[PDB]
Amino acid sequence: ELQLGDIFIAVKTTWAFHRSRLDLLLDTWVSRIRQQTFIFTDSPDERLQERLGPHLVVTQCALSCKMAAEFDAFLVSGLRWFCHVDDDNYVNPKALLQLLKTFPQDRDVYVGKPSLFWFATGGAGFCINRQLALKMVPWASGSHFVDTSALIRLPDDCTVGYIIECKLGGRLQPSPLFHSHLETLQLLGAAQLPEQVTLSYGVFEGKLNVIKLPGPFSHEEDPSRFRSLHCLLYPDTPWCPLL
């Protein structure tokens, strides 16, 4: 009985990437799940403001100021599930809902792709339910009645895992379905690709790391492969080409 309406998807971006990254996401996966997706940035934008309205959150800035903004906005929302992704992630909402239905409904859950205390790599995307997120507030807000000395020199993703494992006694539940670009993405082809919850694109150890799809867009038209993935998943989309 969990539905898509129970999920708050937060995307982190910055002004310098509005044209280069954000427009691509708005054309592709954000167009299939706009009602649940909120874009956190640091300057206004006429084009994004047009397409998103209040779904464009312009911040004027323990956790970084944008991540604190995402947590605060999620809690205000009241929704059961929080999922964080970066501006170089692709989200499959159908695969996401199927995974989230798999957890017992009254247990704390933190799910993602593990990295070394264990933490979910932020560039792969990760999800937390409301009950666990509400328990994180004292640390996540940098409040004056908990110890955050350890929190101040950790990145956002690490900080999240530390709070959950080290302060709350919880545990990361690993899933093979979340993917960063710190991963050899070429093992994921047309056959595996539809079962995945997130994909990524980017440079790591000197290699442009992308999923393996022959088309329907060329690498020159679609270097991230996100347009091609989108067309595999949603072939009814009018702007999808043949190849």
Second form
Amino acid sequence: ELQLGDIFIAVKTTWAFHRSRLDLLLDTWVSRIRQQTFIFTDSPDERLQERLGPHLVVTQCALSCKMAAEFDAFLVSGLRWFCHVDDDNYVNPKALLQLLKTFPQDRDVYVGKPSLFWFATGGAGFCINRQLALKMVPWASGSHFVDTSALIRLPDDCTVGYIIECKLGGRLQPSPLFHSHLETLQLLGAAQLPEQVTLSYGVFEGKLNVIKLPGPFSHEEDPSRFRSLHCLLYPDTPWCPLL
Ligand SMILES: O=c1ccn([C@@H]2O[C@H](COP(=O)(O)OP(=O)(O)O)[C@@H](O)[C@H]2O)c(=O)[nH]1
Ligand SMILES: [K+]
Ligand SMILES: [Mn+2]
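Now the other one: the form deposited with ligand UDP bound, given that the block above is the form solved without ligand UDP.
What follows is the entire complex, opening with the chain shown before.
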């Protein structure tokens, strides 16, 4: 009974990455789940506002103010599930939906890839359902009637985890399906790739960490491998090459 319509996907970006990162996501995974996808940025953009309308949220800025903006928008949506990703993440919404279907519908869930209290690495993507997110509000909002002294010098992903685990007695559910680029991604190939919820690209430990796909785009045309991934997942896409 859970549908794609029940999911609110929030992407964090910034103006300086509109051309270099965001356009890549719009041609790719965001094109398959645009109704559920919200891009949070810090400056307007003609191309994006064209392709996105109210799905481009430009913020004019406990949690950072783009992250607060994502949570507030999610809560206003009324949707059951919040999933946050960065602008170097690829999301497979069909894999996402199947993971989310796996949770009891009346329990608080926080799911993602653990990191060190436990927390879900922001760069791998993570999801929270509405009933948990509503319990987080007093801390997430920086309210004067909770202790947020521990929270002020934590990054957003650790803050989310701290609120959930240390303030609300909750637990991160780990999933191996979420991936950041703080991870040797080259250990995921065309066999594992369609089952993953998120993939990533980026430099880590002096290396450009990317998924292992031979094509169909060259590394020079598609250094992230996201276009190639996208073509693997949706071979009907007319701009896909052969190899
Ligand atoms: O000034 C900035 C720099 C980065 N980002 C966002 O923060 C996330 C991580 O950025 P990046 O991948 O460059 O940082 P890193 O992975 O090195 O931590 C991405 O969603 C970016 O869009 C941002 O909102 N403002
Ligand atoms: K914080
Ligand atoms: Mn990154």
